[PDB]
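**Student:** For reference, the chains in residue letters:
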Amino acid sequence: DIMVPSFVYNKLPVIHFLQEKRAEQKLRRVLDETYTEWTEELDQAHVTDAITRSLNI
Amino acid sequence: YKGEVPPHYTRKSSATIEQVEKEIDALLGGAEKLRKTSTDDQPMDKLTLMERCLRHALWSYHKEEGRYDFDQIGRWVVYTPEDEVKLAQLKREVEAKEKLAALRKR
Amino acid sequence: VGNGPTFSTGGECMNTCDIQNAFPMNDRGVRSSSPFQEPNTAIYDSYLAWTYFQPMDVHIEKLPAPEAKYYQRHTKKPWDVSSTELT
Amino acid sequence: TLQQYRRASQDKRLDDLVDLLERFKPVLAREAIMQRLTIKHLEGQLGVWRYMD
Amino acid sequence: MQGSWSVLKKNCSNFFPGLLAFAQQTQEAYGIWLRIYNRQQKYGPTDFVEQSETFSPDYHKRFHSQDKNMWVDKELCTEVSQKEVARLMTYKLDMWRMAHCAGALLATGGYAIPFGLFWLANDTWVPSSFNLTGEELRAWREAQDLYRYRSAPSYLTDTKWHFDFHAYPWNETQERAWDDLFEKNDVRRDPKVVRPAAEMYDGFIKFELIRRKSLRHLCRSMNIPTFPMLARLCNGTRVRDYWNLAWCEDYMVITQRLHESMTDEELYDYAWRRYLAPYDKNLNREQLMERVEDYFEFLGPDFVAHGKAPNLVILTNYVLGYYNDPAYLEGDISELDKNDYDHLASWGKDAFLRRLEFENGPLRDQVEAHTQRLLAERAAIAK
Ligand SMILES: CCCCCCCCCCCCCCCCCC(=O)OC[C@H](COP(=O)([O-])OCC(O)COP(=O)([O-])OC[C@@H](COC(=O)CCCCCCCCCCCCCCCCC)OC(=O)CCCCCCCCCCCCCCCCC)OC(=O)CCCCCCCCCCCCCCCCC
Ligand SMILES: CCCCCCCCCCCCCCCCCC(=O)OC[C@H](COP(=O)([O-])OCC(O)COP(=O)([O-])OC[C@@H](COC(=O)CCCCCCCCCCCCCCCCC)OC(=O)CCCCCCCCCCCCCCCCC)OC(=O)CCCCCCCCCCCCCCCCC
Ligand SMILES: CCCCCCCCCCCCCCCCCC(=O)OC[C@H](COP(=O)([O-])OCC(O)COP(=O)([O-])OC[C@@H](COC(=O)CCCCCCCCCCCCCCCCC)OC(=O)CCCCCCCCCCCCCCCCC)OC(=O)CCCCCCCCCCCCCCCCC
Ligand SMILES: CCCCCCCCCCCCCCCCCC(=O)OC[C@H](COP(=O)([O-])OCC(O)COP(=O)([O-])OC[C@@H](COC(=O)CCCCCCCCCCCCCCCCC)OC(=O)CCCCCCCCCCCCCCCCC)OC(=O)CCCCCCCCCCCCCCCCC
Ligand SMILES: CCCCCCCCCCCCCCCCCC(=O)OC[C@H](COP(=O)([O-])OCC(O)COP(=O)([O-])OC[C@@H](COC(=O)CCCCCCCCCCCCCCCCC)OC(=O)CCCCCCCCCCCCCCCCC)OC(=O)CCCCCCCCCCCCCCCCC
Ligand SMILES: CCCCCCCCCCCCO[C@@H]1O[C@H](CO)[C@@H](O[C@H]2O[C@H](CO)[C@@H](O)[C@H](O)[C@H]2O)[C@H](O)[C@H]1O
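Heads up: the sequence lines are chains H, S, D, Y and U, in that order.
Residue 114 is where the first sequence ends in full-length UniProt numbering, and the numbering goes up by one at each step.
Residue 159 is where the second sequence ends in full-length UniProt numbering, and the numbering goes up by one at each step.
Residue 104 is where the third sequence ends in full-length UniProt numbering, and the numbering goes up by one at each step.
Residue 265 is where the fourth sequence ends in full-length UniProt numbering, and the numbering goes up by one at each step.
Residue 383 is where the fifth sequence ends in full-length UniProt numbering, and the numbering goes up by one at each step.
Hints were generated in silico from the structure; no laboratory data involved.
We put the CB at the ideal spot given by N, CA and C, even for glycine.
A portion of the hints provided could be inaccurate.
Calculated pairs, DSS-like style, for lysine-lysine (alpha carbon to alpha carbon, straight line, at most 27 Å) [unchecked claim]:
1) U/281 x D/93
2) U/184 x D/86
3) U/160 x H/68
4) U/206 x U/308
Chain Y is nowhere near these chain D residues, computed Cβ spacing over 12 Å in every case [unchecked claim]:
5) 32
6) 42
7) 59
8) 63
Distance windows between CB atoms, simulated [unchecked claim]:
9) S/121 x Y/235: 25 to 31 Å
10) U/105 x H/59: 37 to 43 Å
11) U/326 x H/102: 55 to 61 Å
12) Y/222 x D/37: 49 to 55 Å
Only chain H is shown next, with the shape it has when bound in the complex:
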């Protein structure tokens, strides 16, 4: 009725702070893993060159 309640009440602030920091860390890790992937596609000049060769030019 007296002791354990008081010590729990004393614990609350530090635990709240640490859990907030942990959530911020999770969000930071989520953001840090985001990279924009620039894809590379076959240049159409080679396609045009192959078209010309097929014409026997």
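Assemble chains S, D, Y and U with the ligands onto chain H, guided by the hints.
**Tutor:** Relative to the frame of chain H, chains S, D, Y and U with the ligands by itself:
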């Protein structure tokens, strides 16, 4: 050049891109009053981080699909000088193809 | 404003306690008496220094109510008794 | 042909975006809850039992 | 789970059939254990057979050592099948509880009868053989899962709090592993990220140095009876034997890929015996397979290569993390619009409260300025 068509993938959930964009807009609209701007070098907020991640993914998907809206892509996807160079290279290519098609038609 | 109490301090000064970092600091440089943010926190100097927070009427931009799905967790167990019920 | 090639990756990206949205929503819910708790705390009408619950 | 009259009737009706089934299972499990023990004594390493002594560095108290006193029989499949091992493990649990009850009966003569009535009113400590139908078995499994939920969080908190209060990780990867190890079951933990915690805790505490209170909590979470607990080297031996059998079966399955061919119910039971899959979660085959693969990955390649599992304390914490449900939160957010100290409104504010409100209220700056100016004037006049 590509090689083989990549192995088929089954979606875990069903949802359209338009629906996802609408949901994102709804989520970010309720926090507009709470959202506060700050200097670029200053630390970011939770709302700003969520907005950046969501918009980055959305616009990456759009650019892969074909909806080349450079105005928003340059904002929600550019974070590296290499990214800026790639965007500029892409921007020239799309405009060049559009001009070429128009004059080839004319 | 009401006369109600606030988060208990134990008669301690949070600017010098061993867990002071857990208490946010306001613009004036006075650490809060609680994990919450307090703008008008003060320190009084009796034989020992102690922190105080005076409740006041302040408006805060209230984020709209979320859905019950995203904050309710129905993991309750027969042995579980809530803090309100215990009180 | 290109669309067929860039299909599985697009579906995975869409699913990941949906999961990210569902992951972010609880954070906003917690933020709103903390806002309300702080509002009641500033009014001196917040009990520690309510805060813990 | 709390006792009830319906469960009492169920257990009373099935008491004698349950005893007969338990005796038959006892004969079968004695045969299986005879085979296993003969194989261990014949092909076991010298240290394992001779029971090498490992003493603590502080009080020189002997306890089982994971490396020496635990041995994985890679070639046990020739003599004993996986199903036989699972049967032996289940019978070991049931026999432990039955032995404790029988010891109580022998000790207290005929005065244990009302305590027996209490015992039969709850499925927590009755053998699985007392259930003769699917619904009864489901209720029994629910009771066991409830006990696991009741017990595991205390063990996890004990471990985490002790380590964090008395030590910190060395490097960032260890920090990430430690933080992600004790996440709630609602999120999926990556075994590769979490594995380094095993070595870190080996640096902190091994299975040979496990404290008696932590052991009691673990045994509670494993549905192992704890009264009379006695010295820590009895339930410790029980835990070692159970996990050695589990590791042998796991090696057999990994080598032979039995889990892929394993049926849904058998797969669920296999995960349950590893404390990975509660029955109340209604998991499907996909989730069970994911959890089992994560468990195998956590064991690591070294388990197959040499039969060496990671630190048993960390393994137990990792597996029991699936019973660490998120903290319950019930009630609409609108409840936050109420007030808690309305009953004090009639009392109002006294002189001291009015003074505090005046000094620290919105007029605080004006009061501070006036007070400081007055004090400065008085000091100047004094000088
Ligand atoms: C009539 C006189 C009465 C005297 C007073 C008694 C008062 C009560 C005290 C308790 C007495 C025992 C109660 C019955 C227990 C059941 C039998 C048993 O041991 O079960 C195995 C099991 C062994 O546990 P374990 O942790 O697995 O053992 C680890 C070993 O490494 C295991 O080794 P392993 O890994 O190699 O595996 C071996 C395993 C492999 O086998 C198997 O796997 C097959 C299964 C075998 C076991 C089956 C057990 C079945 C239990 C249920 C029985 C049915 C109950 C029905 C109830 C309802 C009835 C209507 O086989 C065994 O379990 C063998 C264990 C060794 C034998 C122990 C028995 C020794 C005493 C009997 C001989 C006495 C001779 C007297 C000669 C006199 C000369 C003058 O027993 C227990 O669960 C332990 C007992 C738990 C209660 C402890 C309570 C405190 C005890 C303090 C005693 C102090 C000394 C006495 C004075 C007290 C003063 C205060
Ligand atoms: C036919 C059947 C088949 C054959 C038989 C088979 C064998 C059967 C036997 C074996 C069975 C084993 C399994 C048993 C499981 C159930 C155990 C149990 O009791 O569970 C709690 C059980 C309920 O269990 P549950 O609801 O299922 O919940 C279980 C949960 O999992 C909760 O689980 P938990 O783990 O949280 O609960 C554990 C809890 C268990 O404890 C409890 O829960 C406490 C139970 C009692 C609570 C009483 C509260 C009410 C008090 C009322 C006071 C009087 C009121 C006014 C009356 C006015 C009347 C006119 O705590 C403990 O375990 C503590 C252990 C303490 C050990 C003590 C050792 C002392 C050693 C001494 C030192 C020695 C040192 C060495 C010295 C050496 C020197 C050389 O409690 C009850 O049912 C309460 C019964 C209350 C009866 C009425 C009050 C007492 C009446 C006394 C009448 C006296 C008449 C004569 C008077 C003469 C005057 C001259
Ligand atoms: C606000 C006021 C309210 C009222 C308050 C009332 C006043 C209280 C004031 C004082 C209170 C504190 C007293 C402390 C004393 C010192 C204790 C101490 O040093 O303990 C060290 C140490 C601590 O125990 P532990 O094993 O480390 O863990 C204890 C935890 O509680 C284990 O917890 P856990 O969570 O790890 O495990 C939970 C679960 C785990 O589940 C299991 O383990 C499965 C189920 C196991 C069933 C039991 C198996 C027993 C096996 C045999 C044990 C050895 C027997 C030795 C030979 C027999 C000696 C008599 O175990 C249970 O549920 C146990 C159920 C036991 C129910 C009985 C509790 C007592 C209720 C009263 C009944 C008797 C009333 C007599 C007086 C009235 C007569 C008219 O004790 C032991 O080593 C245990 C030795 C037990 C020996 C037998 C009992 C000897 C005492 C005399 C018995 C007389 C019987 C009379 C029958 C009727 C005659 C007419
Ligand atoms: C209602 C019933 C009432 C009953 C009352 C009787 C007492 C209670 C009965 C039993 C209660 C149940 C629980 C008992 C404790 C269980 C402990 C435990 O968990 O052990 C696990 C443990 C199993 O674990 P483990 O891994 O297999 O082996 C342990 C490891 O080695 C561990 O490795 P470690 O690294 O820890 O190695 C160290 C370990 C090594 O020790 C061991 O563990 C080995 C086993 C013990 C060996 C003990 C004998 C040593 C040699 C004695 C030589 C004496 C020569 C004298 C010559 C005289 C010539 C004139 O421990 C020691 O070094 C301790 C040595 C003993 C020191 C004794 C100091 C006494 C000082 C006396 C001061 C003065 C007294 C007053 C004045 C008297 C004179 C006027 O069990 C044992 O090893 C043996 C357990 C034996 C249990 C006690 C059996 C009781 C039998 C009672 C029969 C009589 C009944 C009378 C009834 C009367 C009417 C009611
Ligand atoms: C309602 C009330 C009614 C009246 C009640 C009257 C009460 C009388 C008050 C006086 C009693 C004082 C004794 C209290 C015992 C409880 C202490 C305790 O729980 O401490 C917790 C203590 C704290 O542990 P922790 O802090 O969690 O962890 C620290 C370590 O990590 C732990 O790690 P660890 O477990 O590895 O290390 C410990 C272990 C390490 O060592 C081992 O593992 C090796 C084991 C070696 C065993 C050697 C046995 C030698 C026996 C020789 C017999 C030869 C045969 C003789 C035959 C002819 C003569 C009969 O060594 C031991 O603990 C065993 C030491 C030797 C035990 C001897 C048997 C018990 C004697 C009790 C009576 C003492 C005199 C009383 C009168 C004077 C009082 C001032 O834990 C233990 O000690 C655990 C073991 C507890 C075993 C003793 C209790 C067994 C159950 C008793 C059954 C009989 C019940 C009779 C009921 C009577 C009712 C009237
Ligand atoms: C009241 C007491 C209750 C006791 C309950 C438990 C009883 C258990 C009995 C087990 C009997 C096992 O039987 C025993 O096994 C061992 C190990 O295979 C055999 O051991 C044999 O092979 C081993 C291994 O190569 C050799 O080290 C040993 O020299 C040789 O004898 C014994 O020859 C056999 O007799």
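**Student:** All hints are to be evaluated individually against the structure, with a verdict given for each.
**Tutor:** Results of checking the hints against the structure:
no., hint, verdict
1, U/281 x D/93, "holds (14 Å)"
2, U/184 x D/86, "holds (17 Å)"
3, U/160 x H/68, "holds (15 Å)"
4, U/206 x U/308, "holds (14 Å)"
5, 32, "holds (20 Å)"
6, 42, "holds (16 Å)"
7, 59, "holds (15 Å)"
8, 63, "holds (22 Å)"
9, S/121 x Y/235: 25 to 31 Å, "holds (29 Å)"
10, U/105 x H/59: 37 to 43 Å, "holds (41 Å)"
11, U/326 x H/102: 55 to 61 Å, "holds (57 Å)"
12, Y/222 x D/37: 49 to 55 Å, "holds (51 Å)"
Consistency with the previously given hints is maintained throughout, with no hint failing.
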